[PDB]
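Have a look below at one chain only, the form deposited without the named molecule, in structure tokens format.
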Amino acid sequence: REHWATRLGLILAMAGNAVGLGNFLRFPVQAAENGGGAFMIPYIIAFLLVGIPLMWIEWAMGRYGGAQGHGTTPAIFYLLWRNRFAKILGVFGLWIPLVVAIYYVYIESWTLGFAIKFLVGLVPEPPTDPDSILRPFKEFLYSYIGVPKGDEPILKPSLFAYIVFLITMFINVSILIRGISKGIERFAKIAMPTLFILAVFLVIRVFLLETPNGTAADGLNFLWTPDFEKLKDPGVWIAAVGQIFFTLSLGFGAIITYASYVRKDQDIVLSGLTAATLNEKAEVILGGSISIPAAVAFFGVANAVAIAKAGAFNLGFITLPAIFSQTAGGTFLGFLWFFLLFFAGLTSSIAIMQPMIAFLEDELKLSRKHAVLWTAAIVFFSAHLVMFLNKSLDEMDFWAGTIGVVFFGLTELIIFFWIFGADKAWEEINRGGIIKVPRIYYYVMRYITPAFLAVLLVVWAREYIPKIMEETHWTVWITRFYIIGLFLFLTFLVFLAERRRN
């Protein structure tokens, strides 16, 4: 089996996995919609009672399976528990990262294209009216991704966006095709530091933004000022948990696949804790100090929150660059922004394609080259659905990136810490650890976490089950049908592997 060359490279690879578009896009929006500081408390708690324990659990499962030559959940779930249903459940550790990868890489290609156009200096040029400043950039994005005037099911992506998507796929492939240590680690050791530097620079520059309508400091205060009136709102807790899952790459089967390349005897405790901590630092300190403080700086708090609620991409791809355009050398600043976004995305996309690649390699005994090329073919092909179909992206992000990750987290936790046994699991987690997990967490993993997740899933299901059946748009039904087809396909591949074993 292939392994990580150094501990540092491992750390930066995992941190590259975690730190991504979720930090500089999803987080600012989630926090803004949820009332700033009010969202932070539930966010921190969710980080302690969910993110950390699940992170460690996934590292442990990953390394455990990797020792036996299995980096994916279909096989690992079977090693921990002997059942066919364990494999069927394991299929999600593939389906989820694949589905997410499909649209995620497309958004990444967005960030790349924008980076290019901002570098070359082709951008809308604004003239004191907010709408006259934002409108050009809204039209810019809409022209880029081909957004319809009314609500029209069909999207018309520009040739440039398509070509840039092809290029993005090519880059992902060039990185992934060199392997774990040569391809991923090498790139992590660069992209990560570059990312941190860019992030810091942007944070400072943004902090320097002050106008008659407000300041970045106002945004920081808004974000870090506690509000206890929202603690009784379940939605805030749900959003916080979802954010924790998404940002830490929990339930995507990615952490597990990466961990399977960690040598049996190497420490996953301190490495894992370090990766998670790095991610949180990149999220709350960096991600949260850029977009929101700037939006609040120019348009004030209320308007900033309004824009945040407006959409996820509205803050990142429209508002922020429109704010930059009003400052000296704002175009270049935008470029830095989208470049940061690009690296942050790439480091994650490679991570979510790696599970599929690893299933192909380990289970179907395919060569790395073939596995990578086929994964890229599948992802690229399926991506046309997200490209040309409006609302498809949202559906995939929902079923996979939202519900699926929580369901799968609960599943893996139950399989590892209950069926496989709690004591054996604990011993497996602590084994070889440079430092040991605090005893209390044993009780957190076995009782608190699974209960919390179960409750969450119950609430979610209660709310969504009625809504699902009544939905007007056909695009979502097409997407659902297709992704279900992907699930069946993966199940079939798992079947083939199982047969090959015999």
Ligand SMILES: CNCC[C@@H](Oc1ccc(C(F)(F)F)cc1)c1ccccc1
The other form holds:
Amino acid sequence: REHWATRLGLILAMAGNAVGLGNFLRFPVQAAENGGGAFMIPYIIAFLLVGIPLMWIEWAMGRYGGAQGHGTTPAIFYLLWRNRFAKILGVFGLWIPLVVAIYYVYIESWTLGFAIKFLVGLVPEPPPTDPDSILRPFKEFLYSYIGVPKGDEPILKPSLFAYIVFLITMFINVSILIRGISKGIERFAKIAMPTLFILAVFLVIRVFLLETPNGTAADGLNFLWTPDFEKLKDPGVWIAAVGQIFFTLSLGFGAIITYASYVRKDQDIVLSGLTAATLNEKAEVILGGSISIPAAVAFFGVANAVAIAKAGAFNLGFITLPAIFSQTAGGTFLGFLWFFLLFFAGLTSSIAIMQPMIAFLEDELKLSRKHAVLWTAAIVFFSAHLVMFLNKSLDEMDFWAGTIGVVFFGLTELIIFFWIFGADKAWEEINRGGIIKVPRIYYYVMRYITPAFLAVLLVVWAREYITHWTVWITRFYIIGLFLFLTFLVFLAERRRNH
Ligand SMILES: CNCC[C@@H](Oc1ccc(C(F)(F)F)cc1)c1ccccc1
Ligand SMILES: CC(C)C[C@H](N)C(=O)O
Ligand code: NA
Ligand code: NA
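Can you return the structure of this protein in the form solved in complex with the named molecule rather than the form deposited without the named molecule?
Every component of the complex follows; first up is the chain already shown.
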């Protein structure tokens, strides 16, 4: 089995897995919609009671599987629980990252396309201070790129440029993945993470120097880091925070598990796991939180920035921020550095959610790396045409896989590892080879607090929160993908028989 060459390259590959579009795009929008600092308390508690323990569980399950030659959950679940239902439940750890990949790689492709155009200066020109006259050209710029419907039909029409950039983005993902774990993912991470970090720091400094009659960047930081204890009674904030924690740390995606299955059976996962998780949180609360919101607040004030963050999820990052930047000398270039940052952040993450399917084909169906990567790219590429051409298909996939799926799957992998396999075996498996030991309090968190936390959350979700007819096209398609992956698991157990 392939293994990570260096401890550092492992940390950075895992950090790269976690540090992505979620830190710079999803987090600020989530924090601004939910009272800024009112969001941060549940977010921290979620990190301590959900984020940390599940990260340790997923590293453990991964290393455990990999030692027996299996990198994915259909098989790993079966090792921990010798039951046919374990294999079926394990299909979600191929389904979730695959469905997520289908839309995530497309959003990643936008950032590349915007980087190219912002570098070459093919950008909208606002007139030489009326906000709507400055924002609109950048709105139209995004709308033409992705092809937002102009009438009644729920159909998108991406520009020719957007389509070819998607193709290039796929080609780039493939070229990294085809070289494997040490020479591909690890090598790229060593280049990509330092670049990503430097670009983000530069932008944070640049944003910190912004001031208008409407405000400063520091008003954005005060909005984000000032608690509201009255909001702590609102369950919506808690549901939002926990969802962000999952998405941001790549928990419940089978992506951490798979990367961990290339950690040698002896090697530490406790300190490594905690460091990768902590690097992500820095890049999210310090770097990601410091760019978009403070810049929006400076130029528009708090209440306008909140309203912008509620307008959509891509309004802030693809419209508002580059619009703001265009009002400053060297702004088109500053736009380029932002989108380049986003591209590298997306790229290190999307290779993490394509690798589970690659690992399944190699481990269970015995395809070569080349064939496994090429077929995985073909399924993502083909499937992506749904997200590219059907309005709100992205939202449907992001809901079922990226939102509901991950929490369900997190609770499931915890029940399988810590309740069925055995709480004492699991704990032994986590700490085995550890540089540091996991605090004793976390045994009771993992066994009782985390699962009760998530079960209560999911109860309120499917009873107090659960559209156009076209959402059924996407549901149909992704259900079919699940059935298809079930077929492959079936074929894998048959190959093992013969
Ligand atoms: C609860 N979250 C809001 C839904 C939001 O989803 C996403 C938000 C951000 C990302 C990103 F991080 F960019 F990858 C991916 C998906 C979304 C999806 C499609 C359109 C608009 C918003
Ligand atoms: C799907 C995951 C790889 C997403 C990643 N953790 C992010 O925050 O962008
Ligand atoms: Na993240
Ligand atoms: Na990343």
